[PDB]
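Next comes just one chain, in structure tokens: the form deposited without the ligand.
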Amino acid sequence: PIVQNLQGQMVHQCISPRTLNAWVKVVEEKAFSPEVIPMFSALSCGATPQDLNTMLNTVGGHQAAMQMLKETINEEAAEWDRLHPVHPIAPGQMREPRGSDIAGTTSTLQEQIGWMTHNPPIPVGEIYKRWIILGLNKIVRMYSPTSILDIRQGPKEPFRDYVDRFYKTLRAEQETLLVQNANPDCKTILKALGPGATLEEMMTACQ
């Protein structure tokens, strides 16, 4: 990553074994459950494009997913090139990043450091991270196991467990249905609650 040092200057630091291992095990244990996205974002804090590629490439499984992510990345890089075309460079001068440069495939670590620490800085790490998260959200939605239409409170299911399933599914797929899909008893209670009830009030009512 790029991080600030005691002297107050942005400098490159090696990605730590703890971060690498953390990402790899997150993916191993959670697959593409939605909460893996914020974790990724936090673990790639300050990441260069090289670091983002390191994190993605250290994943051993889910290679269908990783190829889909390559597709998204290439699409976003093509659009970047459409918006920001690039014009031999002047001796010793910063060149303009193209899509494959932001994705870290045609740019060196040193060039990425130069862009990210330029004044004004070109945050190629954050732009690339945005593309990656776009692709990852596509994957989260794709691997969502169940439709919100199929989450219905069981006849003996505590209302809390049902709401947990409901908003877990809703998060993967990225509230009147909540009442509609409740079971008869709770549905009666919630119908009686009236309009404008908070989720807190509903969960207390069916407790």
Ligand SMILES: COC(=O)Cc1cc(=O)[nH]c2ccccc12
Second form
Protein chains: 6
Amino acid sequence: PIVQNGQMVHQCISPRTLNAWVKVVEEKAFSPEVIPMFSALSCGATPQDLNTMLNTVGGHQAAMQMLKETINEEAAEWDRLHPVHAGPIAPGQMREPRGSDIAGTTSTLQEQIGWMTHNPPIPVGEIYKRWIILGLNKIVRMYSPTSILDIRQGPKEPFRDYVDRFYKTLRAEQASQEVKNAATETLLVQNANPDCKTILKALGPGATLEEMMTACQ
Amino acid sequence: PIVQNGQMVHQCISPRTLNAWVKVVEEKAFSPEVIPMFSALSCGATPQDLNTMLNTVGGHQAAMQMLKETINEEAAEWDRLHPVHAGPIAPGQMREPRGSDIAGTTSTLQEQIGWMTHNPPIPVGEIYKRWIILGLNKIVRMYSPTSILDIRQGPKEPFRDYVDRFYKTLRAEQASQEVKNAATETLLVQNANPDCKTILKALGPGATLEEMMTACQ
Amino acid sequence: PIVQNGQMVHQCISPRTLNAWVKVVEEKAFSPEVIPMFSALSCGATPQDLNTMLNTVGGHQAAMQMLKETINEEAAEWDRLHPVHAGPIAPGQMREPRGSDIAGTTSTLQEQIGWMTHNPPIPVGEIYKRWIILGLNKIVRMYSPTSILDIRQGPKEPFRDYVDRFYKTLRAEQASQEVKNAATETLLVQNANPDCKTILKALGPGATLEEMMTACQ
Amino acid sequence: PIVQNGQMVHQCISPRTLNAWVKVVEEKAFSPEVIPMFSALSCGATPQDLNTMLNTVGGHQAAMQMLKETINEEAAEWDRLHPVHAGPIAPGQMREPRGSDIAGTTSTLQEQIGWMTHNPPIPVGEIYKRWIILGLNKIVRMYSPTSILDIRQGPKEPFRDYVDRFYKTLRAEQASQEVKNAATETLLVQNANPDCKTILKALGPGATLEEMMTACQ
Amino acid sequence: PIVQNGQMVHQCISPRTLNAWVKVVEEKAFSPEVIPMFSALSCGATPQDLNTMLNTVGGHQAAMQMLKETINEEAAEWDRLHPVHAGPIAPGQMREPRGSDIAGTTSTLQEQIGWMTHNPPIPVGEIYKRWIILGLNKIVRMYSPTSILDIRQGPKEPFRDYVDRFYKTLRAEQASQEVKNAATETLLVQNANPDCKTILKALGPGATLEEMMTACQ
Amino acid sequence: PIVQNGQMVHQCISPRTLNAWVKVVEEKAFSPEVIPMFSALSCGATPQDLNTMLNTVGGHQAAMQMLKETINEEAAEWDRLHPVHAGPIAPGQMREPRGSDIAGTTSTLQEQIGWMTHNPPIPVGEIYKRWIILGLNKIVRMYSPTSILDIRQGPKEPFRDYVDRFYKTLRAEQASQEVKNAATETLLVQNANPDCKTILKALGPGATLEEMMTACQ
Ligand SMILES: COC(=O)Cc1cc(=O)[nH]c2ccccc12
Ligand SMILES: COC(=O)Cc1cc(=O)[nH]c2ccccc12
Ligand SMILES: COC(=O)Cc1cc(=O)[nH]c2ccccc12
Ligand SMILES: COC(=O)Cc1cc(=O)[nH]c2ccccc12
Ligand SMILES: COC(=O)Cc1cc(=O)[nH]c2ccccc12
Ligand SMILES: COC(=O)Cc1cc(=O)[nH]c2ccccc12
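Pass me the form deposited with the ligand bound as well; I've looked at the form deposited without the ligand already.
Following is the full complex, with the preceding chain placed first.
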């Protein structure tokens, strides 16, 4: 990655970072919590480091191929926004990055450093991570095993356990933060068992999740 | 986080910190000791780092949704206290943070750095951690399985084991430090078994916990 | 903790330190070797770091409550020795610490830093660790399962194994270094089995432990 | 390796790096993901460090012998491109590296440092790693157990599982990124089971992998 | 310990060092290889750090008591060599260390730092480690289970295995490097089985260990 | 070891290095890959550090005694090459190292530092490591269980598995890189099974190992 000692300098990706990423993917596959873990392990990442982390995954090649497809789409839209002059470059001067330069396929580490450490920075690392996360979210959703519609409380299931499944499903199904805030007063109640549902109805509306979990405890 | 090398500079959250947090949550869920562990692992945390740690939790989505609700409440009270001018910002100048800027949802890492490293600091990291801990304590209490009233010494249970359950329950039930200091001379004795209770009564009042544990050893 | 880079600056307590402390307590409870381990893991600790380490212990709440009682006693004796002027403080100036300021309950991290890094230092970290260790030794002794009087050599037990139990018991029972130096020529021999006891008597007095262990090998 | 503290200086290869490399080879042998792992663990590597990592592998001596053969070929082509003057060297001056100097067999660490830290650098580390990776890819391909032609979807096999095997096989068989982009619309469909194949045909052409995986879910 | 950043400054003993020492003692007890491990883990150690490492051992209290006895003897001989003036000390000036100051029982960390960082250094750490190792060697020897005289090659035992037991026993029995160099041509042969003994005799004298192991392979 | 912060300064050998060395010896004994691992773990090692690593090995005392014998031989040849003047040394001046000074038996750490950090360096660490590796290779060869002559392909054994055993045996038997390059066209074929041997003969000469492994796949 790029970090300050100080000044902004390139640092070797650590065995710890490399191992942490591979292990989280081995253990959790594309459970949605893997995404913010990817983001935090890739703190300060050059595009080279981002390729390194993705390339070190041995499984999930279906997913990695879908991710390439997402990255080419984003790359093509970059090149539509920021077309570069095809003429040869000014001696000693910074060339403008292309989609494939951001994706690290046609850029060197040195060019990647040049861009990221420029005043002001061309943040090719951050632009690329954005594309990658956009792609990883598609895969979380694809790999989401269960519709929120099939998350219903078992007659003998503690409410808290039911709500954990519900909001875990909502997260993988990529429901917006609004519909997460809103499903409380709608589908969470409708999908609750009769006993708890009766209690929840009687709370009336405006009931916090904390109050609902209290009520059906 | 933000640390001194020196001067105050941003540092990538470490794989060790990320792994430690996820593991403590996997092993201990919302046992009350998880809170001061969260606090210490989040030493120097930007709001981004605080979101990162919370977002890396894969389970307990019921709890994480309750936490959002706590954070929106605190955020709304911040905005009631410190309303910001809605006009566009002075070129090159620090804008005032809003509730959602402190929660890291509408603020950039750079703005978060600007605030935290300002002279004097606007400690958005520390303000946010406060909100989060307030929220985590609600969840400790919610997840507390047992009323102090049902912590009674078994006829064959060593007093020390009984007292460990008692003060563990009191801690999860969020009893104040006063009522922790006071329950000694009241409920600890009443909830003790007949044999030990007889010994404890005969100590008279003002008996330290050390003296009571000695007495019923 | 506080360390030199250099100059004296505050450093985040490490996940390694946090994990090491919790693990030693999980594995060893209040075996006496846990105390010097606590001392060494808490090298350079602010009172905040000392609270952090104690607060991260999930079990042993009986012990943690006894420790508070020890800390309040020490705190009250501090305040008897070093009463502070109750008037408001000189702008920009260091206030004098109270018992509860040393225990970290009424002091901020910044005040704790101010004191510890002052010329000369007010070593609130070291004063507090002293109180805590005083409290932990009471708990070692309380939790000591066995009187030295019941450490007797089995007829078939190697002398070395008997001496390991004896000096392990003496350590937990908090016997002074004198009585550790002295019990050799008295209780170690009396508690030895007949066979070895006969050999030990015949050594006459002034026999080193090394000579006694040699003699009964 | 060589890193900046600062200035460019030699650093001992870490036990962590050494252990990480040996463990990845023990666990994964020559699965293609081992190559980018080798590349990232060898970040900043001198040729000495590259020999060290390869030499620490205890198994796979067939592969290590093939790798030497690749390295001698590359070395011979270097010497064809950059023949060196056989006359004795200018006192105190940098000699030109030969194929075997790049491979670290006839060069000292100091000469390797001289070259890599020269203005401008002679990047013998990077030139050698290139040769090594060229050699490792031959071995990935050799060790590839299965022709893409024998990756066919089982009648009861989830499409996603079939696609994971397909793109895992394509990767080990070293198929170009074009033929990875292209096999989607050809062999992936032909090798799909009848049920899914019928669905895929009906998508018509231009179907993304994401759409195909959706369609046969 | 004391290290250079730079200049000579005090550093907290690391959790890694603390854990490494306790684990080596748990796994190996007083096998002779534990001594050079103790020496290397205690690199740069103040007497405080040396007490810390010894104090963190939970078992082997027989051994730890023998070690105190060794340390008091060495301490008493120090005080015989370097008696100190009993008069009060020159304000702001370095006092001379006593036996118990070197053993860390009557010295502060600051005094220990003063001595060790003085120009020239009073190396109380190194003087104390010497005493401790002297004491640990007595314990290795005491704890040595087997006389070299009972190391005899089994009729079916590979010579190499016999020699490993022989030189392992010699090491624990603290045989000098001379008698290690010499026992080759004497007791190693006499303690060898008849078959190998016949071969070894026929080598004649001056046979290296390498030649003897070759001969009886 | 000795490293640059910067300037050349002494550093404590790390618990990680100490543990890594002991573990590699516990797991792999004297498999030839242990040697380059020893070399890399001993990067920057003083002779003291080299003694430390060898001394921390608890097993293999037969081997460690053979190693001493190798080191005395090398030491005696050093003293034949570089005899030192037996007169007392120039006050404040660097004495010349003897064989036993290089082996760390008669030299202090400070003298070892003086030599290694001198302008220009007297590289006693590197000279000693050379002696040690020379000695370790003798032991690899001694401990080599199997003649290359007994590495023959089983009728049902994959060629690749046969070649792995062959080149693993060649490595332990310390065959030169020439005879490793050459045995391909000779003994590898002769020791191959009839089926594969027939294929290999028909390749004619000049067949790379890659072509032979392809041919008999
Ligand atoms: C479409 O652009 C790319 O292929 C970027 C890329 C480069 C690389 O080296 N490995 C990847 C792995 C998985 C997804 C993407 C990539
Ligand atoms: C209500 O404000 C938030 O949603 C703050 C927040 C942001 C985020 O990225 N993840 C969270 C996870 C768990 C609770 C909160 C948050
Ligand atoms: C009596 O003073 C205290 O309560 C000090 C203290 C503070 C804290 O945050 N946690 C503790 C845990 C265990 C014993 C003590 C404390
Ligand atoms: C052909 O050039 C080499 O032999 C380079 C080389 C040197 C070394 O020390 N170990 C190796 C291990 C495995 C492949 C190669 C090498
Ligand atoms: C005789 O001098 C000592 O007691 C030195 C010493 C101090 C300490 O704190 N712990 C020890 C543990 C084991 C042997 C010795 C000591
Ligand atoms: C012959 O010279 C030596 O004995 C060098 C040496 C010193 C030491 O402290 N330990 C060793 C262990 C194993 C082989 C050698 C040595």
